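Next up: just one chain, as structure tokens, the form solved without this ligand.
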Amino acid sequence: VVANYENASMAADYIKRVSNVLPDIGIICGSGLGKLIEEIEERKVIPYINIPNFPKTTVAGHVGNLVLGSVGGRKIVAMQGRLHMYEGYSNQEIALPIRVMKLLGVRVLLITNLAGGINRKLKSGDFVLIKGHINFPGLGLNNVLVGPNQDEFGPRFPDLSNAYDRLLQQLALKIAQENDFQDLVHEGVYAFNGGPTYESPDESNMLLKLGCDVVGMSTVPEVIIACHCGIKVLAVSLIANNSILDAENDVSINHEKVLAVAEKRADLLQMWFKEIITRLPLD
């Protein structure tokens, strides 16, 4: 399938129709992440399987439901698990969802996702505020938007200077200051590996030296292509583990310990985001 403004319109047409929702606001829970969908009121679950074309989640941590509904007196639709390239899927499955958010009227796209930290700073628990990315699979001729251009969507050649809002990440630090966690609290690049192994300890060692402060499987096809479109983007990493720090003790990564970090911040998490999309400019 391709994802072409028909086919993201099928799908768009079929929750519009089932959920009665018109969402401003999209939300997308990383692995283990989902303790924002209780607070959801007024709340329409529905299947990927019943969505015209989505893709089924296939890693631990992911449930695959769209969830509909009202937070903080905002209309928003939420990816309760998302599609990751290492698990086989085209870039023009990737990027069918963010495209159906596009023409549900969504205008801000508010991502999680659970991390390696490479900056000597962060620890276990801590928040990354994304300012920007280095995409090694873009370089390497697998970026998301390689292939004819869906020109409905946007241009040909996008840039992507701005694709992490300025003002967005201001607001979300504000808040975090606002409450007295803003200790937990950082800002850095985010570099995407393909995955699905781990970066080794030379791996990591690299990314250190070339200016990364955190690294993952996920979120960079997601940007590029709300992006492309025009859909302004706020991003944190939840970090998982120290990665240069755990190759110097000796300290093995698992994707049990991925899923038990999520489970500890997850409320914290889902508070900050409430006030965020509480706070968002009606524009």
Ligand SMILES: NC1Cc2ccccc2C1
Given for the second form:
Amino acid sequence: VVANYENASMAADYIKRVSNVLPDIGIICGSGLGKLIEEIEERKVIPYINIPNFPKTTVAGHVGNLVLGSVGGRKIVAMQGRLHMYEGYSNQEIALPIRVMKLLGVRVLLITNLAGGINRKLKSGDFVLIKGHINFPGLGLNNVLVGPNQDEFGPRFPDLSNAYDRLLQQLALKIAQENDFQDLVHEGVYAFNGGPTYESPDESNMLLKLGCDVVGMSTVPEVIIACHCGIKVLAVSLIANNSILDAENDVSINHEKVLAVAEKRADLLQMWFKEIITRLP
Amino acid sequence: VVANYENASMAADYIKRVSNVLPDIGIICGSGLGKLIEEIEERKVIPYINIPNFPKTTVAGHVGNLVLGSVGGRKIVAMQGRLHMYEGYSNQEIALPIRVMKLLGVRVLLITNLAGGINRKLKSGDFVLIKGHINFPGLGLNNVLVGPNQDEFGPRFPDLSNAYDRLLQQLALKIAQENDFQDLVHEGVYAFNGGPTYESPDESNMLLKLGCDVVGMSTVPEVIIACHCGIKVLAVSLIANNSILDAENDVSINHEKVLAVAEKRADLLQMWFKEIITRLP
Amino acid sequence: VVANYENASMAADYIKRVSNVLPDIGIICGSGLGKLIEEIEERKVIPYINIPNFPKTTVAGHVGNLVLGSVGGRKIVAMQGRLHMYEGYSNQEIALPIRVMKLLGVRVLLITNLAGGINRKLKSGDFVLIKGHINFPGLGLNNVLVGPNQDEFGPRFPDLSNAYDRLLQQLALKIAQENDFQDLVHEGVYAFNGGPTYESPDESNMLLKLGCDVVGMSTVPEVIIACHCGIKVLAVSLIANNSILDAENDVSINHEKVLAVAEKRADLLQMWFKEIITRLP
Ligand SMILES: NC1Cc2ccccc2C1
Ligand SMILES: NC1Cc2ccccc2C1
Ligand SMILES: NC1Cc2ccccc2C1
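Could the form solved in complex with this ligand be given as well, to go with the form solved without this ligand?
Now the full complex is given, and it begins with the chain already shown.
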């Protein structure tokens, strides 16, 4: 199924019939960082299997729902169950849910992820507001937009220079200052490692040379589809480790350690994003 | 359809029956840089749809013809309507028209493109004679030659060290000096960004660190297929912008600005390439 | 055919019925470096075409056998006929033979390849013990593990920091010292160029900037599948040329020169790996 105007329209029509919510904010949450979705008020849960043209996710299993409702007096739509390109999903499968958000009325997309620290001053448990990216799949002919252009959504050759909205970064930082955790908050450039292997020690050293602050396996495909169709983005990385220190010390990293960091910062991140939603212009 | 000897031979036989031109020069022109094709003398226009085994291009639409005839007393074949890998065409579809050129007798391929400037001394409207490349898709397992080797055309493991003919570069520069525009002409290394998004500001900064002079979304696949089968290449970039200055100044870029630069330099480039054709050894 | 537990089990059951050898060591040898396979004692040769679910290799042709038997009193299994990703094989086809080795009992995998020198002190004919890698296909969404995870073999997100066993490197070097050729033996970081074109001169210069010691078109996919399922690896490159000196001098490289270097070092490499096998803990 192609992520075209007709197929996205059929999905949007179904969602509008069953939900009665017109959202202007979309959210996609990282692993272990989804508790905010469980606090959506007056909510409607829509299994992906029920939505015309949504991708099939039963090989990976686990949860897969769209959730619509209210947070802080604002109307939102959340993806509960994220699609990642290292799982083998196609460009068209990743893009269709974001283009459906666009047709439902979404103007702002908020994204979180887990990442490895490259910049030497980043510690486990820090947050990084993403200000730009280095897209190794895109340079290498695996960009999410390779294929025919869907002209109803955006241009053949998009400019990504404003993909990460400056004013949304400024608001996120202001709220951190108001709540006395600004010492945890940095800004930086995100390297997209297609995955699913963690960056090797020598790849980490290369990313340091090339101007990268953090590295991870998600987010950039969604950012590009959003920018192509005019949706503003705020993207925040939670740092699980410093990959450069681990390379210099011959120390390992695993999904388990990553998940313990997520649990340590989950409640803080949930409160931060609830306040960002409440305060968005 | 595979770009093999039998399928290329069937295409070449059809073209020879309808055209009566045996070309020794091939041309592929960049966006907005095709006016020379309209001045081919005693010409024959062959729609791609008529040629056995040529790729289907009706999803992207627009023009698609092979044009054969005379320029400056030389016999040539031009692609009118270019295939790009960011559109989703396969390795085999890009390669077949170049291998058909080889079987028709082509010994020299001339290519133009639009590109972004990385080297700080490159201005909008400058020309860059390409002397080498950095092939991010090739490093990343998306090389145009991934697949079985077609042994009738070339070796399993080609050497690209002489892909950009030195004597053709020297002739292009000499003609620029004769016509008093050598101050517009530079040489440099071309980075292949698979596309279709323009290079991000942070990707531009990375390419500066890595020794790149210009960046674009075409040309390298065609160069590799030509080199594999023994066709000499001259490739020239028209600079639409300096991506490094735009990154430092927080300034944007779009297809519209690119096309205005093409219109400014179209007539000069047309006269330059007509004289190169006339003068080729 | 997917490289899953059921399909690998059916292959392993067939091999066990016909061979009566339970191997604990696997070997994969580079081009021209396979003479050790012909000296396996009490051996059983199993054509790939006979093994359930093994990949089809008749488009590339040449040899394709699994060979089981004894070397230095140890039980081994060798791939005679290597699968390379530049030939167009899928992730699943490369991975299945290594996962079959795992189910047969293999605990250690020994690999050789031919490579180009980037580090300026590497000469044609030198050996490089690989201590780490830079995986351009992996960064660019062409990692060998892209797809569903096969949980019976390993984790969704593997750590590669110990992919190249330190103690096996130390043993290889000790044997070189015992036999007075340690002056040929170096250590270094391997860049994976997907191929099949040799690295261009400007790509070689980039790899120098990024901390690479050698570059080649194989090995990293097999290393990653082995590490994912807990098999220890020793990987050794034979240097065919110094790509940086050749770039600075405008000198060429070809498969023929590479193969003459292989013939010069074949007997030494064969004796080295026979002694490594004999001595493995
Ligand atoms: N002050 C409330 C809003 C907010 C934002 C971030 C962290 C904690 C809290 C509590
Ligand atoms: N002198 C003619 C040949 C040529 C080459 C380049 C630009 C203008 C002209 C006119
Ligand atoms: N000493 C034997 C074992 C070995 C290892 C490496 C090279 C030659 C030989 C001969």
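Rigid core here is just the name for the largest C-alpha set that superposes within 1.5 Å across the two forms. Numbering follows the first chain given and starts at 1.
Enquirer: Under a superposition restricted to the rigid core, does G69 display a Cα displacement of 2 angstroms or more between these two forms?
Expert: No, its C-alpha moves less than 2 Å.
Enquirer: Verify the C-alpha shift of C229 between these two forms: is it 2 Å or more after superposing the core?
Expert: After core superposition, the displacement of the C229 C-alpha between these two forms stays below 2 Å, so no.
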